[PDB]
Amino acid sequence: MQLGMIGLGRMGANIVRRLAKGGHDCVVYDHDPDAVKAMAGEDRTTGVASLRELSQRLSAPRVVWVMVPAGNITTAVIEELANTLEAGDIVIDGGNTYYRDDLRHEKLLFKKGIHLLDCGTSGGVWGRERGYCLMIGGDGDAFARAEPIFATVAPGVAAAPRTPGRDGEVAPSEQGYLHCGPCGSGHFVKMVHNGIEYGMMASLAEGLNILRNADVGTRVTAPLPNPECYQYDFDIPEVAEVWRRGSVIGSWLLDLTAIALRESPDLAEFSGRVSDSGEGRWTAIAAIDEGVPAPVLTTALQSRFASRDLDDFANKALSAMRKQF
Amino acid sequence: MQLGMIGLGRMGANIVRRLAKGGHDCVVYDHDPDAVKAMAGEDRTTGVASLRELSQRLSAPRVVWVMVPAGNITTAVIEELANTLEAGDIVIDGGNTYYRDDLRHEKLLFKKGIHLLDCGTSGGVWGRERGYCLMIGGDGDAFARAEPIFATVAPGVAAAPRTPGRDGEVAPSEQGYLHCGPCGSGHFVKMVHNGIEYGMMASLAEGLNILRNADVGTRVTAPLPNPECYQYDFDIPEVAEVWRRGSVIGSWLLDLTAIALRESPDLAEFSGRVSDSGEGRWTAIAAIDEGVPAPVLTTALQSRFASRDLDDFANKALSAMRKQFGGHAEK
Amino acid sequence: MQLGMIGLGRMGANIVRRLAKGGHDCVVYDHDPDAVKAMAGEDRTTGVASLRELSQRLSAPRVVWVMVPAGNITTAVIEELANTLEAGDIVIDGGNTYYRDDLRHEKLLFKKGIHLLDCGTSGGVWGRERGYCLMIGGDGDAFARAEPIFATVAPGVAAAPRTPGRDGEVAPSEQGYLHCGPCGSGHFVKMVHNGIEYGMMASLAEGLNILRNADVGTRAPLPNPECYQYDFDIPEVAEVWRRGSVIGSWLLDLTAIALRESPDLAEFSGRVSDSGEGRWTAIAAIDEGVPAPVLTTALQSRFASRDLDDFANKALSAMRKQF
Amino acid sequence: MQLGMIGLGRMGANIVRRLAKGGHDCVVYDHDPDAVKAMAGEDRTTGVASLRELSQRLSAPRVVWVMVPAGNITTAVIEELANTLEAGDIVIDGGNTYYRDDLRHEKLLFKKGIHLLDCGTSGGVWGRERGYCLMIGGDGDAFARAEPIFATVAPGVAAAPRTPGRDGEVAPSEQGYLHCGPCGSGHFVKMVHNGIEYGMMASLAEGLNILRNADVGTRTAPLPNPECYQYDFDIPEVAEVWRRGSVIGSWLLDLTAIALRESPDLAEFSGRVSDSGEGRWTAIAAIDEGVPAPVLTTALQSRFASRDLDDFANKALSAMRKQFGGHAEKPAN
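Chains as they are written, first to last, in the deposited numbering: chain D, 1 to 220, 227 to 331; chain C, 1 to 220, 227 to 337; chain B, 1 to 219, 228 to 331; chain A, 1 to 219, 227 to 340.
Careful: at least some of the hints might be erroneous.
Here's a subset of chain C near chain A, in silico, CB distances under 8 Å, partners left out [as the list claims (entries may be wrong)]:
no.: 1; residue: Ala35
no.: 2; residue: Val48
no.: 3; residue: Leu51
no.: 4; residue: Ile242
no.: 5; residue: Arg287
no.: 6; residue: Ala290
no.: 7; residue: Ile294
no.: 8; residue: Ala300
no.: 9; residue: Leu316
no.: 10; residue: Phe331
Everything labelled a hint here was simulated from the structure, so no lab data went into it.
For each residue, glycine too, the CB sits at the ideal point set by N, CA and C.
Given only the sequences and the hints, what does the whole structure look like? Please build it.
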């Protein structure tokens with residue numbers, strides 16, 4: 001089965017590799033023409049030179065998948081794609097778009113019979129040999145047409161045991177992809193996956209910090231009562247490892263964290279300045295609009311904010327106040 | 001090798017059954033003879049009826065494991081194990097003891113030459129099959145002598161693929177045990193293990209709730231701006247399922263969360279009040295003394311408190327303030 | 001001078017009665033006739049039953065205060081104030097309008113040349129006497145005209161000793177009112193006033209809660233039950249904190265009242281509403297990358313007090329029921 | 001009546017001075033020579049430099065106030081006062097002592113017949129003119145005996161209007177001093193008083209920072232609707248406006264107003280914030296008691312990050328963020 005791909009980075013590319021390698025004709029493209037050549041020289045991949053050439057080098061109805069950076073670069077492509085496509089022609093979007101962005105786009109497209117499918121792509125610099133968890137939202141037939149594509153790019157049921165409970169047969173979710181519901185729905189679930197990520201990383205991270213500083217009763227701000235109760239130097243890299251078998255906080259993020267600490271035992275190569283792509287933020291904003299109390303996820307987000315010195319004016323404020331006493 | 005076990009509840013019973021089956025001689029004891037009785041028929045196992053009999057039927061040096069209710073039961077046992085065992089003997093506290101409490105137990109035992117190993121014992125009841133992630137603190141030699149036990153209850157390297165970065169032979173951590181350091185350091189890492197568990201769980205929970213209520217535009227206090235954006239009926243169980251492979255948030259908790267949501271889509275039959283160990287509190291008290299920002303871990307802990315209504319006077323003070331300045335009624 | 005007024009609840013009515021005693025003419029109206037009845041008797045207060053009767057009663061250029069429930073009911077009165085007014089007419093929105101909806105309300109009255117003064121009104125149900133702290137936005141010159149209103153409902157400088165370093169002439173700020181900037185800027189500052197108000201309330205509430213359970217030893229095992237044997241008299245700590253302490257505040261003063269009436273705050277359920285300004289502040293904060301754990305945590309505590317954690321508590325229970 | 005003082009920092013002194021004017025006989029001391037000179041040339045004072053000389057210069061039964069640094073030093077001085085004083089006497093520890101320590105100090109001092117009164121003292125430097133909020137614990141009768149000291153060094157009912165509902169005659173509460181209960185009760189309340197301080201300061205600061213950055217729609228995460236965030240607010244004037252007829256009227260607003268008046272970008276100030284320890288204890292009492300205190304505890308945890316104590320954790324996130332999504336740590340602006 002045949003596909004389009006606008007935008008080719010660390011992701012939009014490694015998509016098309018396990019698309020070909022599975023058994024799919026893929027027809028790639030980009031803005032900076034470097035990415036379109038390297039791909040075109042591998043199994044079942046051809047690098048066109050415009051959005052029109054791609055639609056013409058595909059089967060009607062046409063699947064066309066956009067993994068370009070989010071914001072106004074996404075919007076221009078979708079209002080270009082509008083003129084360069086026809087009816088029956090579904091339009092997957094697997095970049096980090098705000099579920100609400102999708103609402104205006106899918107109206108501009110559902111005008112000219114062009115369909116949108118909001119895709120929640122995750123997996124990263126593993127998603128090629130491990131598969132890319134997708135959370136697709138839109139029309140039920142448009143979805144069904146592409147379902148081939150999605151299975152090829154998911155990790156597949158094999159990736160982990162089936163659910164102690166699922167007797168009978170084996171549904172989308174099990175392999176690693178899901179019609180989440182209508183327009184937005186796709187990206188919405190990706191937001192919250194990211195919410196939980198921040199939360200889950202922060203939990204490990206806070207606990208590891210706790211351990212790292214267990215020795216504060218040797219390293220001698228309040229006057230510490232009971233410095234004998236803080237005399238421990240913890241092999242943080244081994245503690246990370248030990249928790250990998252037979253405990254509860256078993257997780258992919260500890261596996262990576264057990265790596266990163268095997269390589270770099272004091273994570274020196276990282277400064278502290280933690281960026282946030284914006285999906286943490288829209289999860290937090292969702293919670294506040296829904297009246298869902300989410301202090302754990304929203305406080306993981308606020309810790310990143312603080313790690314980039316965005317607490318600055320509040321900190322001057324507190325300093326300026328203490329002086330006045 | 002040969003071993004003693006005081007306390008035969010679910011946990012202490014299953015350790016002996018992992019140990020005996022893995023070729024270890026296990027002398028058992030409990031307060032409850034019928035409980036002692038259960039571990040007589042079992043291969044390589046043997047009941048007693050006092051702490052002196054125990055140490056007469058155990059070759060010097062002895063290694064006695066204590067798996068009993070934490071606090072003044074752990075203490076009282078250890079206090080007689082000081083009159084029962086001789087010099088050079090070792091006591092394993094696998095219990096859920098406060099590391100600060102191990103600092104008192106260490107000194108009260110080395111005043112009759114008895115080494116105190118503190119073992120932090122995780123896993124649950126799966127641990128009899130899969131093994132118990134262990135965390136052991138105290139004497140480097142006492143550990144070394146007693147290590148064949150820890151290796152045996154441990155899940156073992158087989159349990160998870162080796163870490164990309166571990167070139168060569170198989171280190172103690174990879175078995176699922178570790179000499180974490182001096183006395184108390186096993187219970188300490190164990191504490192923080194639980195803190196993390198509270199954080200990871202809360203992160204999923206809050207997450208699932210944010211899906212649960214995406215439908216908040218459908219039903220219609228704060229005037230929800232742009233309600234049309236919140237009009238989804240999410241299949242939470244499938245969403246939990248799909249994340250299981252190809253996501254970043256893949257975990258044993260997410261697995262259980264997917265099982266739990268399969269059997270009961272809306273968790274309709276479940277409690278709503280969430281209790282807390284105390285390891286979760288200790289972690290938060292640790293983090294404050296060291297000057298470690300632990301907003302995520304602590305706020306998971308205090309979420310638990312708020313679910314047992316423990317935030318109620320605070321709530322009454324907010325409502326009281328509100329009436330004063332705004333004439334605001336409660337709905 | 002001469003002023004409109006649409007909505008006569010515990011605020012807008014008590015605004016009028018303050019506006020009056022400082023020699024202003026007021027043209028009241030609210031759905032309920034009985035609402036517009038009571039007022040019609042009070043000084044300089046005129047009981048119409050039509051928006052058009054209202055705008056005919058006013059000597060151009062007009063200025064009309066809108067104090068109605070936020071959301072649709074606010075939009076409804078503003079749309080219909082477009083056709084009820086001409087040009088050079090100022091619309092003072094003193095209700096609890098999301099600043100984003102102020103922008104929409106402004107363009108929609110810039111299409112009849114009607115100035116919007118979005119005014120963040122503070123002070124609650126003490127404001128008839130004590131005055132209302134006010135945070136206005138939109139046009140420098142529309143503000144300029146309405147100014148002598150805004151000083152009347154405000155508390156005036158005399159409400160509190162001048163800031164050390166405040167030399168010379170009493171500024172708008174010091175009188176208890178201020179022009180914050182363009183449209184919205186008024187309701188945006190007020191929004192943030194409420195975010196801070198949530199955090200100050202919660203700071204005291206959580207503190208009182210710690211004292212109330214400091215007797216915890218006399219009833228997750230507690231190490232050292234001898235350290236938790238104090239039965240604090242919360243009414244009296246509240247009152248001692250009023251004089252000579254860092255934490256003196258109006259909210260401490262009101263807390264102190266409430267504990268003198270009700271020492272266990274028995275008549276309050278603890279199910280605590282939030283009216284939207286706390287939420288909009290926390291969204292403003294997330295969008296600007298400003299870390300606000302202390303404010304947002306305080307909001308999340310009101311949600312939890314209404315069982316809005318219920319599904320998550322269920323998830324955690326269901327998880328525990330396995331491992 | 002007549003009163004001993006040990007320790008003469010920014011606090012020890014200003015109680016002496018306030019009492020003398022209130023008409024009490026002060027006897028003083030603090031190691032440093034010049035500090036004992038400075039107090040000896042004022043009304044009803046008497047700068048000594050033995051502790052034995054001080055208990056001579058005082059008449060039994062006596063009242064000594066202690067205002068030396070918390071921990072080692074304050075315990076040192078209580079041990080030594082166990083010899084120096086005699087039965088029926090009274091110790092006022094007004095230091096930033098931990099309530100758990102007052103319970104040891106009350107045992108020691110009882111095994112020589114003396115009474116401890118623990119006094120939680122607030123106010124700051126303004127308390128010489130204005131007075132100090134005292135929160136006192138200890139033996140009911142030793143309070144009655146020392147009450148006149150407390151009543152003098154407190155601001156008195158005159159400092160604020162009477163609470164509506166307070167009938168009739170002035171309760172001590174209303175003076176700004178309170179017997180909070182038995183030994184420690186006083187320091188404990190002061191402890192929580194400080195937690196609340198952290199909570200109110202954070203709430204003002206986070207607010208100021210939201211105002212500060214309302215301009216972000218003119219100046227990573229893509230910002231939806233940046234037409235929304237185009238405000239350049241006057242933080243010094245908003246701080247000032249809020250002081251009259253609002254809900255967040257407080258001292259700390261008053262101070263923040265002054266600070267922003269002197270310095271409207273707080274540009275000279277560090278943005279590394281200390282905590283003293285009452286805040287840490289308040290957070291730990293709350294955890295011990297199953298009292299959810301996320302607002303106080305986060306105000307606390309916001310100072311720790313302000314001192315790069317979130318360092319390792321941040322590295323862990325950047326370590327995680329790399330491994331999964333080859334995410335790049337963006338440079339230091």
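Which hint numbers doesn't this structure obey?
1, 2, 3, 4
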